[PDB]
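Read the single chain below, which is given as structure tokens and is the form deposited in one PDB entry.
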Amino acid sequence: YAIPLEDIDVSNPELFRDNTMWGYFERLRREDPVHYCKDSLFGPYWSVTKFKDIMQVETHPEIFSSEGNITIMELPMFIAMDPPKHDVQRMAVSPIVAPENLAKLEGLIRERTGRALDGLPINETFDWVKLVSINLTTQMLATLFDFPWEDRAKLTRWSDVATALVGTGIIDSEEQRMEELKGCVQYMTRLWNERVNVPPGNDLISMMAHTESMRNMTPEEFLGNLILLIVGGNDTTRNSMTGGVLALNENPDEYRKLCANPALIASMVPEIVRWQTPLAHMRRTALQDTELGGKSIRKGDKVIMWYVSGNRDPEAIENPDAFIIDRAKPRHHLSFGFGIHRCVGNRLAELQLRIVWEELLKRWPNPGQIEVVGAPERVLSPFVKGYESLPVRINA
């Protein structure tokens, strides 16, 4: 409120690192819900801050294009494609990440999860993001992709390089970003070559290499889609694992409700994904002049769907700034988007988060045993809404 409406830049990454962006999004929802920003680190853009207006953008891909770039920050892959090619590639890829096709690998993830939790320090403060969230998410991706186990830290590195702003401690330049992602393409090409001329067996690289429909992708599209699948489920799962522990500590009546009725994992996991909003936005580009929420959008304009604001919109969600683990309709949220691009991995991602909560409560069943003892450090990004560290002590 101490700055002019016309000067609000909700994309400033410092607002996300400082956890001060909430107040700026609240002012826009009240006073200018479809908002033009002339000056930012990302050039000019529109902010879409209400639940119903994000739904209008998601459901009109013939007006609001995904082709070529789906973030505010300026290989082919089907998230960054419009129909018809989007729809052909999604129909090939959807069965690869469906739980119905993954039961044996998911039982192996549960065994590996239990072993990892059995190795955590007890009655000693540690960094939850390092020892649990990054550790378990990397073990899950390495299991699904049968990735060489000694090289699994490369998955975390490639994830960081894909999304990082220049000068945050990950890359020094766009030249460095391109050199590292060349390395990623070279590594995945070797795995493709080692699995295509041998009988399949049970991992996602073997499944894609032997799927007849994926012969109609170019090698560039095949590699682009393979790398989308490794990166797409990494930071999102990681920051949902961290967020749930923080939400239960900030809301002790919900931690008591969970421990008294562990079946509430079913309604809690979707509420963790809403409360966290691990990807704060997705971007579109206007293909035609259009009207949205009373504003004139021009052909070629950058249009930002702020899920971080839509998930807190009281017009759509009752008491939206409260964490409530037994809501009547807990899947009413925008963290997986909506429409033709709605997260193809959503049911697999939630299954992983339920496996983790079942295995945590098996070992530590009482309220307050998983205790946040220090402030989180947050990520410097307008896209990844997440945590670099979280000090935790397990009281057992």
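Positions refer to the first chain, counted from 1. Under this definition, the rigid core comprises the largest set of C-alpha atoms superposing within 1.5 Å between the forms. First, how it differs from the form deposited in another entry.
- Superposed on the rigid core, the two forms differ between the two forms by 2 Å or more at the C-alpha of one listed residue only; from 323, 145, 255, 158 that residue is 145.
- In this overlay on the rigid core, residue 200 has a C-alpha that sits 2 Å or more away from its partner position between the two forms.
- Once the cores line up, the CA of residue 119 ends up less than 2 angstroms apart between the two forms.
- Shown in the overlay between the two forms, fitted on the rigid core, is a CA shift at residue 186 smaller than 2 Å.
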Contents of the next structure:
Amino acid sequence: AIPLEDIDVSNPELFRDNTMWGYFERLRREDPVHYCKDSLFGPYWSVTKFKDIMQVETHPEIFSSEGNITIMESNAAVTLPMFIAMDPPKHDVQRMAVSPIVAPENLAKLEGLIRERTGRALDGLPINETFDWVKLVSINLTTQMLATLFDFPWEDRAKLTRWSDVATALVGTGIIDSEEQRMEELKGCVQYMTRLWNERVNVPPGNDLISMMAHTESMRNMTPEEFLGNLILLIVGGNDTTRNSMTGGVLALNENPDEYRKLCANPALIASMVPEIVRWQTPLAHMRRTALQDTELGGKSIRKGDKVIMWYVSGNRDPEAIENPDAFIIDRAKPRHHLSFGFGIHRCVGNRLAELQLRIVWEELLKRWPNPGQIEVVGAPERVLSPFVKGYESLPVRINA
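Please supply the coordinates for the form deposited in another entry, as a counterpart to the form deposited in one PDB entry shown previously.
Here you get just the chain by itself.
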């Protein structure tokens, strides 16, 4: 309906209302590398096709991550130094320092702890009564995992969920009312983690992220802003994406009862379902780059300093890359063929830990409630107002047993 030159896919309302899909379909068909002059976030390029996103991801010497990796320009948290928002060489050193916490030798030891925690959380759910899945399952388990990643005082766990929400929120969406309040609450995050750092620098490293960072020579002189940037990366990385994936799967099985039927008939399909849930959800809708020089991408002239947006949410629905991409299919032959974890030097380091948490939830769900329709959505979900976080504030669920 709207003239092509004035499509603004970044409009946060489109993500809350779940209407953004159509605009991305339109851009994929008519103008896959689309310039937007007017938005909440100033001008930017939209890269909407799987092939073109792969192209941007694999040319970091052209498409820099340096200052910021989001479309947001007024959010002072996303402009803090963080290794996701760094080019090589500094990026490579800081990624290697965090990578060990989510290394498979440490994911075997974690599998048992995730299973006991998951079991206990499901055992505490009410039966034949509506509850909020996001509060009782998704926030609950993902927060527990992030506390363990940080060796965070378990009694203070909920602080992690808050800091995560504050880092990514739009002003006046129910989280924080101004940038001054965002930085005030994140000051408390830096203060808390600084106490933990002081206890763990100058003593043998623990297996916990604060220890790993305090004992990597390149990170030892970090300013509180540098420390806070990496903290919020790890905090939003280590809860919000898995959280929205955990919620997303319940919704996807309820919208597609045929797939819920296949799953219950063959619980081995969890192996191929989990990657599909992560594609379907695309918990981070996009990632931003900044052109360091004039370049051509899908036959378009991108200028020096231009903001480029890789819309994973569009790429994961690209029929050129994925057969029948708008269907939720839990038994795809190549179900890990998606952009939800991105690609290239910044490819998600936590992807195996995210998939491990999701596998264990679905295993433990089916051991207790194995029949199709038992985990039922009984109300519309409340979606997040963001072009970055594609997630759920609430999801009403009733377990029929």
